[PDB]
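Position chains Z, U and Y with the ligands relative to chain G; hints supplied.
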Amino acid sequence: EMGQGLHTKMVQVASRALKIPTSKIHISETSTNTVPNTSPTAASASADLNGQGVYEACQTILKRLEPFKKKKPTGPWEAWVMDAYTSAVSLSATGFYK
Amino acid sequence: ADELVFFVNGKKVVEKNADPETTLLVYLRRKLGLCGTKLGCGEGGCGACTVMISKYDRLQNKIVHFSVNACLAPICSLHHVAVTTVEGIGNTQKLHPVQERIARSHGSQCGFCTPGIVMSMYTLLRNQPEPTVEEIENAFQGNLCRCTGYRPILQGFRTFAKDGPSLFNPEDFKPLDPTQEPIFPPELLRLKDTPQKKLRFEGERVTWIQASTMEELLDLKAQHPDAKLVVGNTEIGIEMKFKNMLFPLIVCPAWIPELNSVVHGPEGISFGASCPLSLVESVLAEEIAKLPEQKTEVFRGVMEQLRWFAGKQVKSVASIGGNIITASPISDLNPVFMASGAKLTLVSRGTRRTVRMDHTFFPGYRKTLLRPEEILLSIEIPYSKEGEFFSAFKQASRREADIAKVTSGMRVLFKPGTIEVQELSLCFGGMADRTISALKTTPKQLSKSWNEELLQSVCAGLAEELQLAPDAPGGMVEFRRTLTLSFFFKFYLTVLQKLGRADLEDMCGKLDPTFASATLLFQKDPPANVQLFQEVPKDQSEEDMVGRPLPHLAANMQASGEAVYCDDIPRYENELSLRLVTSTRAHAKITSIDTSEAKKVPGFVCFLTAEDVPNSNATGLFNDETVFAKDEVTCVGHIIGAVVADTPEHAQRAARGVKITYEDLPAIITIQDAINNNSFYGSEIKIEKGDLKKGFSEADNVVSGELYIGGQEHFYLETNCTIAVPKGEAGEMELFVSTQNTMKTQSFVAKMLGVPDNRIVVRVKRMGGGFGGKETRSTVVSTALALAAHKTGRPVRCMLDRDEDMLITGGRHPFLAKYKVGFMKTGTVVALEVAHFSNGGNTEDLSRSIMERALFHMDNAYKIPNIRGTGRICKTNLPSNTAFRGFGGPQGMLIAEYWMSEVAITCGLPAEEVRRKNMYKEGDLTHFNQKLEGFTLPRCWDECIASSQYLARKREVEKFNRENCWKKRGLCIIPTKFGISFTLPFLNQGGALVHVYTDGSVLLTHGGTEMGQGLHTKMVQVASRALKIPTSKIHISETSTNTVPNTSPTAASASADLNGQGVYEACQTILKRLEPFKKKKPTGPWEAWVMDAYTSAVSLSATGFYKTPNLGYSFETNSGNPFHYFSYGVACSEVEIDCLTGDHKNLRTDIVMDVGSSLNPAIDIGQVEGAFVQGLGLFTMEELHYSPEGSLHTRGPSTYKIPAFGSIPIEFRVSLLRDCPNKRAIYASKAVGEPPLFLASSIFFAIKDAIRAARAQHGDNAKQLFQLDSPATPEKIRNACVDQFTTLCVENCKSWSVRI
Amino acid sequence: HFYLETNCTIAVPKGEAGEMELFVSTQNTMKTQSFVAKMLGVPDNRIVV
Amino acid sequence: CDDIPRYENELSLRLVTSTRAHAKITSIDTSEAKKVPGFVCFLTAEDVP
Ligand SMILES: Cc1cc2nc3c(=O)[nH]c(=O)nc-3n(C[C@H](O)[C@H](O)[C@H](O)COP(=O)(O)OP(=O)(O)OC[C@H]3O[C@@H](n4cnc5c(N)ncnc54)[C@H](O)[C@@H]3O)c2cc1C
Ligand SMILES: NC(=O)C1=CN([C@@H]2O[C@H](COP(=O)(O)OP(=O)(O)OC[C@H]3O[C@@H](n4cnc5c(N)ncnc54)[C@H](O)[C@@H]3O)[C@@H](O)[C@H]2O)C=CC1
Ligand SMILES: O=c1[nH]c(=O)c2[nH]c(=O)[nH]c2[nH]1
Ligand SMILES: O=c1[nH]c(=O)c2[nH]c(=O)[nH]c2[nH]1
Ligand code: FES
Ligand code: FES
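Chains as they are written, first to last, in the authors' numbering: chain G, 1037 to 1134; chain Z, 3 to 166, 192 to 1317, 1322 to 1331; chain U, 741 to 789; chain Y, 593 to 641.
Think of the hints as simulated: they come from the structure by calculation, not from any bench. Certain hints may be false.
Below, a list of computed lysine-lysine pairs in the DSBU-like style, where the Cα atoms sit at most 35 angstroms apart [as the list claims (entries may be wrong)]:
id	chain 1	residue 1	chain 2	residue 2
1	U	754	Z	1106
2	Z	96	G	1045
3	U	771	Z	1099
4	Y	616	U	778
5	Z	96	U	778
6	Z	1134	G	1134
7	U	754	Z	57
8	Z	1099	G	1134
9	Z	14	Y	626
10	Z	1107	U	778
11	U	754	Z	13
12	G	1099	Z	1055
13	U	778	Z	1060
14	Z	754	U	778
15	Z	657	Z	754
16	Z	537	U	771
17	U	754	Z	96
18	Z	33	Z	818
19	U	778	Z	33
20	Z	18	Z	219
21	G	1134	Z	1108
22	Z	219	Y	616
23	Z	1055	G	1134
24	G	1099	Z	1106
25	Y	616	Z	33
26	G	1099	Z	1060
27	U	754	Z	1055
28	Y	626	U	771
29	Z	1055	U	771
30	Z	716	Z	944
31	Z	1105	G	1099
32	U	771	Z	1105
33	U	778	Z	1055
34	Z	778	G	1105
35	Z	13	Z	96
36	Z	778	G	1055
37	Z	1134	G	1099
Bound conformation, chain G alone:
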């Protein structure tokens, strides 16, 4: 983030992808020890590239929660998450795009 509102856009993207409010999603920083081998934030393309990455990471989380959404199609997000945790389903994912 250099003032272009990239984190803003990525939170907008993640909120749509996950179908949860932006308020539930936070970006703190950019670090080489969370995402390696990154291109510079350059060439106007950083929302295009990272937005796709974010979208794919979110799709992976959604695929993992699918059975729990099936069992409780109304129960809130928080119930699906906690059910996944207590079922020992991973709640971390990477995402990538080229």
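Chains Z, U and Y with the ligands only, in chain G's frame:
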């Protein structure tokens, strides 16, 4: 003047404003940034702060070197010396030989004790470049290690000794070149010529005068008698730090020649009162070596007490006068000086008197007959005369560096050529509020002959004269009284021997040879150790390190002091300090809080209370704990608030100015109190199988009894610590914490603040030990510090002092068990009912899971067809007890072995045969219906019983016992089965995250935390095998909630299993992505494949995850598997008890342990040894005492005695079972951390056998199935050895402590 | 460019294994990491930007 | 970045740059720099590990 000038690692320090209250430890760490030197205790017991001092000694005219505790050394005592710390001797770029050898020999696990042990060894070598094995052991009397079990440290360092597949290769160690040590600072040699002048230092509260001459000291003491002398500071530093005493004027007379001289006279040797005990030791040793025996009886008595007096670091600065004037009731020296009539010279300006120490020298508690203006100049320790004999005795909880329960000097003088007593003096510490002489008893024996009538007369006299009130400070009244008589008996027998050697054998009689062993001075054979493990296959790559003995990855940095623990992280310029304020009542209303005095302390910021919590004051695993007490306190140690100030010193002073007013409420302390009040955490827990009424009806025999097991303090050498760094945006905060549980730390902070988990990051690089004590209880510090940081917007830090940590954070659960066992004459067990109670303290925490694990292990190794176990967790007004390595298993299994011991005795059958024939077999179901597959316990048993030569040794024990009346041996072999996996199924999960950067280097992280168990090492081993690259290309930096979320605690021995699988899977994901590139360049290196993947836009980051499958037990249906697999092992241990004192030697221990196909046999053997030694502590040495009002008495290493270098089995053999792959865990390994601990019960049951032999010997009465509670301490052992002495020493009623 | 914030780096050494954390005003964490690691002669895995 | 609090032990760095477009460096004299209070060191190419 007033500038303080010294050197640190060769660099000149000029301190223009030295505060007398500043210790060298705090100066090194906080002023100079040298954090290799650690705080472990602040009271001289642990040696973590050990450093070397060099100076030019003007009195001996040469450069000298000695070790000190930096935690107790005032900087103001150090003008014109040269300090060497761990950083001064070497670093990872060029390690000193001492650093190299401890690292490469697997002598460093958590690494917190390593710098101090390094400096103890380094100082020895600077003094003695070719030490003996014995000298090496003695170098560490002042150093504690909680992780390693000491064996590897001594084995590594034995390579320096002149008389000294494998785990390490000593042939690859680089040789020592003494010419390459640091120069003695040339400036100090130049300054040696300048006369010493008096110095004055002024601090915030204290003025220090370094007196140069006797005239200056005497003048000062006449004008200002309140001026407090400080020499070694080993008493005054304690008084100031822990008893909050403030002496605003101190005078240090250490430089004065008259107080430092040694004069040989016709009557004896005169020591200046400031002479260190190290100098007393060296002088008396020389004199004992060259003078006739007849003249050195008193010298040898002093030497015997000095042998068990602290360690090298204390003795180098502790003064002979300091001990005398402190006048502690438990001085080990004063009884000897009193008994020998040592001559003291006292001086004041214009006065001089000499007195013989006698009863009158010590009027009342910690008083002497010195006038306030007087100082002690010298003490003359006398030559013994013809016909004069002397013994000194001490019995404590642990031999080495411990407070006497009773201590004594005894002197007899015979009329020449007779066995008739001319003079008799029996003097004792630990029997009154002062050193006492048995002045009513000894006059009666003058002119009697040395014979049985004199022995009986003196014993009856002592029993009547040395009475103790039931409420005597320190308790153990029966034990202490028994020891006075027992010591006198030893002296009586010794004097018979001494008379014999003077040719009066015909007058006094010879000693029955079965009595001789009673008089022997303590000695241990030199150690002998064996480690056996399995070589990896011949075809295994040299770069595949799985199964190889790779040293802990941080060992070199731990040895060099470069490894960073939480409090070693530099402070921010704006960082504040926090101190917790805790309840001094077990159960009370808080009526009011007055912070008026706190607010006056300079640098005070605020006092946080419940009102300051932004969101929720409800915390703890089961949400039944306060962040800060609200309206009432529910234990002594309950956190009421926290002071925030600029410095730790100011925070301490401000916390003392927080005045709390209470109104007491009915307290529930003990398990019995809880039972009476129906005060429990939840319902009874139960496992039952078969038909109990039927089994008892069919039994030939039925035995009932109870057993009590004391709890245990973790004594991680690094206490609880948190740094909280607020980020000023969106509630973001980062915390650096010594914790096993990053997830609960983050959750609890976020809940207290009322912010989402996504705002809070918790980072752990390493812990200096955890052992379960940092699974949950770390969070009580973390939440307080996080609030402080939120409120101020500044970084805030808190590291607990040892006393705080021991009070607040709880321990292993005490257990009371009531058992009934039915069995056949053959020893076969057919029925068992056991009711278990634990003392949980004032929050639920992990207490119910701990009880479940105890119930899952109430079988230990044994098939029992009709079985009923219950457990209840008591809710009490005590600090909350928590996880400790074993997690209820050791308590459950000790109860099983205890009734098993009584089964064998009742049947009159060999205990090993009874255990063997009750053991499960392959395919059996447990009492909870889990099938035992890959059941290796019978192999472990057969291997151990053969390799230990148990049967031939049984023969030798029986022979020893028939030939010795007052020492007995015991020998026991004990098995174990330990279920692996958290009892809560979903905690059996783990995650990893791996990155490959474009240079080919790999950054790995996983949910597990490093606490000294070598988890990161193992994970690197695993990753290197999985990726087929060398370990050198893979790095783990830390554990973080923002790289792997939702992690289970590093607990249940399971972390390598869980994280190893997650690492493996992350690695397989990377390899799958690199496959097409590997296929195109099957030869071209790893780096080419990586760069090809990158420039093809292939992701080089992956998560990995694992969950243990098929777990989930139901208590309702007694079905489903709680455990993934079981650990197995066997230990055979041998002991020799002293029936007259309750001391014992651990002669030999042999362990065979099933660790599957070990991931790392060096680390695994280290886990076996370390776990075993913690169990040795649990069952034999470690004991917490509590007032009847629920106040923990036992708050530091002075009183809480963990195993020392000298405590371990003399012969210590460990074998890892061969050819036993466990394919359901990572690379066919098994978990190792907790299962070995219970095997130290072999020492407990060897002790029990030896007591049984003692009770057969003496006592006219016996009583089979005698009680031995845990821990089997010297008190419990001695009291069980009933004899003519215990008989003479034998409600309701206030006492010093209560059984909780 | 006249970015209102000029170029700025804080480098925090960790004293172990060549590890170093850098707080940087940069658009290029990867090249920052690479260039630091190469100058120091340590692997990329030691350097966090 | 610069708003982050300094550590108590944090040091400050300042680059020394060329005042010539193209030149050999004949010599460098740091005698006056060494006299400034709080001076620690002057890093050059020879310091690169
Ligand atoms: C780890 C540890 C283990 C210990 N083990 C033992 C043990 O096994 N047995 C035992 O008996 N003690 C033990 N001690 C107690 C302590 O080490 C000794 O009492 C020590 O001898 C005190 O000497 P010092 O020079 O450090 O005294 P300081 O603390 O400097 O002074 C002690 C007291 O003596 C006064 N004083 C000192 N010199 C004079 C003088 N010349 N004239 C008048 N007053 C004077 C001081 O004013 C002060 O009141 C232990 C202490 C520690 C820390
Ligand atoms: N740190 C260590 O490892 C060691 C320290 N020391 C000494 O231990 C001391 C401990 O100091 P404190 O805890 O204040 O203990 P203290 O000096 O009050 O002595 C406590 C002991 O004194 C006896 N005692 C006191 N009053 C009594 C009474 N009325 N009746 C019967 N017995 C009584 C008991 O033996 C009791 O356990 C230190 O000052 C030091 O001199 C000695 C050995 C080891
Ligand atoms: O095609 C581009 N490549 C870059 O590296 C770059 N950097 C930038 O600022 N804009 C562009 N565009
Ligand atoms: O079954 C266990 N659960 C835990 O939470 C734990 N903690 C520990 O130290 N050992 C164990 N065992
Ligand atoms: S910290 Fe100094 S001896 Fe423990
Ligand atoms: S390695 Fe010794 S206390 Fe941890």
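Results for each hint:
1. 754(U) / 1106(Z): Violated, at roughly 39 angstroms.
2. 96(Z) / 1045(G): violated, 51 angstroms
3. 771(U) / 1099(Z): holds, 27 angstroms
4. 616(Y) / 778(U): Holds, at roughly 26 angstroms.
5. 96(Z) / 778(U): holds, 23 angstroms
6. 1134(Z) / 1134(G): holds, 32 angstroms
7. 754(U) / 57(Z): holds, 34 angstroms
8. 1099(Z) / 1134(G): With a Cα-Cα distance of about 18 angstroms, the restraint between residue 1099(Z) and residue 1134(G) holds, given a limit of 35 angstroms.
9. 14(Z) / 626(Y): Holds, at roughly 19 angstroms.
10. 1107(Z) / 778(U): At roughly 28 angstroms apart (the allowed maximum being 35 angstroms), residue 778(U) and residue 1107(Z) satisfy the hint.
11. 754(U) / 13(Z): holds, 23 angstroms
12. 1099(G) / 1055(Z): holds, 31 angstroms
13. 778(U) / 1060(Z): With a Cα-Cα distance of about 15 angstroms, the restraint between residue 778(U) and residue 1060(Z) holds, given a limit of 35 angstroms.
14. 754(Z) / 778(U): holds, 31 angstroms
15. 657(Z) / 754(Z): At roughly 29 angstroms apart (the allowed maximum being 35 angstroms), residue 754(Z) and residue 657(Z) satisfy the hint.
16. 537(Z) / 771(U): Since the Cα atoms of residue 537(Z) and residue 771(U) sit roughly 89 angstroms apart, the hinted pair is violated (cutoff 35 angstroms).
17. 754(U) / 96(Z): Within the cut-off at roughly 18 angstroms; holds.
18. 33(Z) / 818(Z): holds, 27 angstroms
19. 778(U) / 33(Z): holds, 34 angstroms
20. 18(Z) / 219(Z): holds, 21 angstroms
21. 1134(G) / 1108(Z): holds, 23 angstroms
22. 219(Z) / 616(Y): Violated, because 52 angstroms separates the two Cα atoms, which is more than 35 angstroms.
23. 1055(Z) / 1134(G): Holds: residue 1055(Z) and residue 1134(G) sit about 27 angstroms apart, inside 35 angstroms.
24. 1099(G) / 1106(Z): Distance ~31 angstroms between residue 1099(G) and residue 1106(Z) Cα, so the pair holds.
25. 616(Y) / 33(Z): violated, 44 angstroms
26. 1099(G) / 1060(Z): holds, 34 angstroms
27. 754(U) / 1055(Z): holds, 29 angstroms
28. 626(Y) / 771(U): This hinted pair holds, its Cα atoms lying about 34 angstroms apart.
29. 1055(Z) / 771(U): holds, 27 angstroms
30. 716(Z) / 944(Z): With a Cα-Cα distance of about 20 angstroms, the restraint between residue 716(Z) and residue 944(Z) holds, given a limit of 35 angstroms.
31. 1105(Z) / 1099(G): holds, 31 angstroms
32. 771(U) / 1105(Z): holds, 26 angstroms
33. 778(U) / 1055(Z): Judged against 35 angstroms, a Cα distance of about 24 angstroms means the pair holds.
34. 778(Z) / 1105(G): holds, 26 angstroms
35. 13(Z) / 96(Z): holds, 19 angstroms
36. 778(Z) / 1055(G): Measuring from Cα to Cα gives roughly 24 angstroms; hence the hint holds.
37. 1134(Z) / 1099(G): Holds, because 18 angstroms separates the two Cα atoms, which is no more than 35 angstroms.
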